[PDB]
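Undergrad: The residues making up each chain are set out below.
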Amino acid sequence: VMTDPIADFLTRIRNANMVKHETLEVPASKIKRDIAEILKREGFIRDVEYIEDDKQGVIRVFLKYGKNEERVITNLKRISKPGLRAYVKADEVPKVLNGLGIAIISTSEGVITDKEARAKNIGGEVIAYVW
Amino acid sequence: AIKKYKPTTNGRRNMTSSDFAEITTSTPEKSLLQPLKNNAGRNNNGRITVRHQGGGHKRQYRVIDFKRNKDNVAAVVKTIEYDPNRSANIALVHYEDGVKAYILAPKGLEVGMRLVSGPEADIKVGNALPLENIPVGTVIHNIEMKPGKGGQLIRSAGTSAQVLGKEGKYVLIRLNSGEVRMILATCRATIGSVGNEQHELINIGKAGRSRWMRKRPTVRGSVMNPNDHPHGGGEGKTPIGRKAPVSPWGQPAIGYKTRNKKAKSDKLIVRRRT
Amino acid sequence: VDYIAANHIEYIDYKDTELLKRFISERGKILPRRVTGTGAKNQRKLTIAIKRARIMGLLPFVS
Amino acid sequence: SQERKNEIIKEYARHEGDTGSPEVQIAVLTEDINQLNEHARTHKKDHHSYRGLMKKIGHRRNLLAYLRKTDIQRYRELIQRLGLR
Amino acid sequence: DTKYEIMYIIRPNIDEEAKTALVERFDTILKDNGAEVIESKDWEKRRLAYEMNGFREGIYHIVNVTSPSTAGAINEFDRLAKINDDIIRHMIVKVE
RNA sequence: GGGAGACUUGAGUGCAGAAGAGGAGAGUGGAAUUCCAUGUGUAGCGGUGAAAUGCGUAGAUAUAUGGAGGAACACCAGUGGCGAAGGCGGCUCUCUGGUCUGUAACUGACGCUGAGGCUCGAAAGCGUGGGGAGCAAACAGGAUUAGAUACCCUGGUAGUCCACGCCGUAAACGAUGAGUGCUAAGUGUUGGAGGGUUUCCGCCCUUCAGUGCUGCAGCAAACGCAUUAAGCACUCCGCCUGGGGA
Ligand SMILES: [K+]
Ligand SMILES: [K+]
Ligand SMILES: [K+]
Ligand SMILES: [K+]
Ligand SMILES: [K+]
Ligand SMILES: [K+]
Ligand SMILES: [K+]
Ligand SMILES: [K+]
Ligand SMILES: [K+]
Ligand SMILES: [K+]
Ligand SMILES: [Mg+2]
Ligand SMILES: [Mg+2]
Ligand SMILES: [Mg+2]
Ligand SMILES: [Mg+2]
Ligand SMILES: [Mg+2]
Ligand SMILES: [Mg+2]
Ligand SMILES: [Mg+2]
Ligand SMILES: [Mg+2]
Ligand SMILES: [Mg+2]
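Chains A, B, C, D and E, in that order, are what the protein sequence lines are. Counting in full-length UniProt numbering, the first sequence runs from 2 upward without gaps. Counting in full-length UniProt numbering, the second sequence runs from 2 upward without gaps. Counting in full-length UniProt numbering, the third sequence runs from 14 upward without gaps. Counting in full-length UniProt numbering, the fourth sequence runs from 4 upward without gaps. Counting in full-length UniProt numbering, the fifth sequence runs from 4 upward without gaps.
Treat the hints loosely; a few may be bogus.
[What the hints assert, rightly or not] Below, simulated DSSO-like cross-link-like pairs (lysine-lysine); rule was C-alpha separation at most 30 Å, straight line: (1) D:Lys72 x D:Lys58; (2) E:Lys22 x C:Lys28; (3) B:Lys265 x B:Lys68; (4) A:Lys31 x D:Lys72; (5) E:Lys22 x C:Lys58; (6) E:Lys34 x B:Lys125; (7) E:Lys34 x E:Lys6; (8) B:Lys5 x D:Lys8; (9) D:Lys8 x D:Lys47; (10) E:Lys97 x B:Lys71; (11) C:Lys54 x E:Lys97.
Calculated directly from the structure, the hints in this document are not laboratory data.
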């Protein structure tokens, strides 16, 4: 059974990106929408749209590829896992490739990138790394 | 089934007996009881003719109906009873005309079965038919050797014979011993096998129990004196020290056949065994 | 051609010895379904019917 | 037997037309379990069938655990009706 | 109930009247033991593909019956048919 | 994470269907082997690399008709089916488990994994009682050999079979734990489902669950795996830390 829909979402993106698939689809959840929009506004993914269905909804991700079909997303990594949760204090927020990547972090203020988290000086659960 | 006693005492150790689960009552039929005295292996001359017999518990004889020649009416099995005289259990049966009788209890017999005897009886456990009417391959017991004499063969607990075929006025039978022989087709037999199959597996356990069952001690000939037994005598333990072991009266005791060589029944015995 | 399907019969009686005879070779041996062109399901049903016929003497075991 | 199954379903239905529900499933499983226990005692050496019986027992246990967690009163009522522990 | 079909082989020698009596006996057996004989017929009289009990010929008889599976009718028929000499061989098969 | 609700996708039920050597019990059929009986019949038969032991004039082998009994189920039969695994192949009946496909009526997360436990578990082996044809450890004899406690030959007991009860191990292997999702294709085959044809048969398209083969991406020390991953991920469990001693 699926024990980590978030990790499943990241791996779906990773697999689709590896094959350079133009788009992908996932069952919709609030955390997944947050991750998708963060990637959108960070320019990793081309676009995001939402389909309303009767089960839980669907989120469709249009991947972004650069000139020469170069992959924008080098890789994604799930940091906090159900097996072992990962929490970082405000001063512990990490840097992904010295900022060239990002870390998606869930805080009391919402799901935000590591830049924003250390701007507000708040910690949280390190959901993922992206670069 | 067989119940094993816990080794509470050296005598009780390794002892086993029957649970008598099949036995439905312990009150035999007064009309069918007869008195029996313990001959203790002594004949009219008063001499011990068969050694190692005598003593033990008192018994009453139960008149068994080995003939099964009452074909008019059906017999309802009322009870399954212990019989001190034979290894197998007996069954008290009531004929619809009111005649009470005892029969051997075949394996699988149950209270309420309505047995029948005669040529037209169906082939069911406990029924009695002349051998000519019993289809080949059937398992039977309580076989009689002469018509109207009553069953003589296959009566011990758990025994059974099988019908192999017909020929002339005779019926081919395999007896419990494995011997195949012809038996007159007008002789009767009971369908099934004798119940109480477990009897063989009882472990008597102690000497006193054999004494209850009327077996007196058996003394080995090798520990008698020369005037008592051909094996008697000799200093210390001795080997047989003869051409072959012999009974107290010199009859060889291993492999020496004793069946009469001019037996009239050789003409009917097809294949021997034992 | 799956003869059973072509005739469109879903029941294979073991008394249809005429039907069964076209699936057994000389010597009474059963024919492979690759040789006979039939499908697996009808092949199994034919096998059962032929064996039942053999037992009841409608067909020969050998020769 | 479908007829026996349907009568049990109607008996324990939480409401009209309720084929699936903790009570109905548990009751149907209990009857199958009892019937299959008799088959097992008749065929001690039917190990393969016994495996299916164990799976039914486990599924019935899981349904009971869920029901007790969800509505303890319904759990008590069901065990009393079915004579369970 | 479960539909059974019983095809059994009567020995060729038997007379017509004895054969009829045999058929009635076995039909009576089924009905008494709780089965319902929907049909019984003298299917054919055929040479056997191979000798059976010393017979190269036989009279096949078909009885279509329907009984509860628990009922002992089929078992009792099989037992009595096995015993009876008139019947060479009987086959009982479920029919859907 | 807790508490009060809601939901139907996972899970299960209902309803309608499909296949099957799945299991257990009781019966039952034919070929063949061996033995037994009886004819015919005469000097060999059998066996090896070559021989011999052995069986045979007390009539063998062969051959014909029968009889007995035991074990296994030819053809079908197929990287075919079924089972969690071990494994399951004549046929019939009785009892009985699971699986698959539709459908969307029902419940509404009820699920996954699972230490310890429990159950099952080839073959051999063990206990009690049966059975015993063929095969065959041990064993006998004939060979081969320098020797041959072997390979080969002729015989042959336990065992192989049955019932019950122990045992609890196998290169028990895909030498690959279970669950879930995602990531090119091509081509067989088993069991289904829907449609477009096709008079039907049948052909084509779609689809589910198996089962093979080939082969991208990716992985790998390499060999290779590759939608039945050894790829990409998450959960739980078992297990490894130089070789020998062991
Ligand atoms: K003792
Ligand atoms: K007695
Ligand atoms: K003595
Ligand atoms: K002495
Ligand atoms: K017969
Ligand atoms: K089934
Ligand atoms: K043994
Ligand atoms: K294996
Ligand atoms: K396929
Ligand atoms: K060391
Ligand atoms: Mg004595
Ligand atoms: Mg002395
Ligand atoms: Mg003397
Ligand atoms: Mg002496
Ligand atoms: Mg001395
Ligand atoms: Mg074994
Ligand atoms: Mg040898
Ligand atoms: Mg091991
Ligand atoms: Mg596939």
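Undergrad: Keeping to a limit of 30 Å between CA atoms, is the pair of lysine 22 of chain E and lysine 28 of chain C held or broken?
TA: holds, 22 Å
Undergrad: Verify the proposed pairing of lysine 34 of chain E with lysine 125 of chain B, using a straight-line Cα cut of 30 Å.
TA: holds, 20 Å
Undergrad: Below or equal to 30 Å on CA atoms is what counts here, so check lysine 8 of chain D against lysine 47 of chain D.
TA: holds, 26 Å
Undergrad: Between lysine 5 of chain B and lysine 8 of chain D, is the straight-line Cα distance small enough, at 30 Å or below?
TA: Between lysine 5 of chain B and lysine 8 of chain D the Cα gap is close to 46 Å, so the pair fails against 30 Å, i.e. violated.
Undergrad: Need the status of pair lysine 97 of chain E, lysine 71 of chain B: alpha-carbon distance at most 30 Å?
TA: Roughly 43 Å separates the two Cα atoms, so the pair is violated.
Undergrad: If you draw a straight line from the CA of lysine 31 of chain A to the CA of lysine 72 of chain D, is it 30 Å or shorter?
TA: holds, 28 Å
Undergrad: Verify the proposed pairing of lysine 265 of chain B with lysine 68 of chain B, using a straight-line Cα cut of 30 Å.
TA: Answer holds: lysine 265 of chain B to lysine 68 of chain B is near 24 Å, not above 30 Å.
Undergrad: When you check the alpha-carbon spacing of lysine 54 of chain C and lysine 97 of chain E, does it fall within 30 Å?
TA: holds, 19 Å
Undergrad: Checking one constraint from the list: CA of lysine 34 of chain E to CA of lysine 6 of chain E, max 30 Å. Satisfied?
TA: OK: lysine 34 of chain E and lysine 6 of chain E at ~14 Å, within 30 Å.
Undergrad: Could you grab the alpha-carbon distance between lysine 22 of chain E and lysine 58 of chain C and see if it respects the 30 Å cut-off?
TA: Judged against 30 Å, a Cα distance of about 33 Å means the pair is violated.
Undergrad: For a C-alpha distance cap of 30 Å, please report whether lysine 72 of chain D and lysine 58 of chain D respect it.
TA: Cα-Cα ~21 Å, so holds.
In summary, the structure is inconsistent with hints 5, 8 and 10 from the numbered list given earlier, while agreeing with the others.
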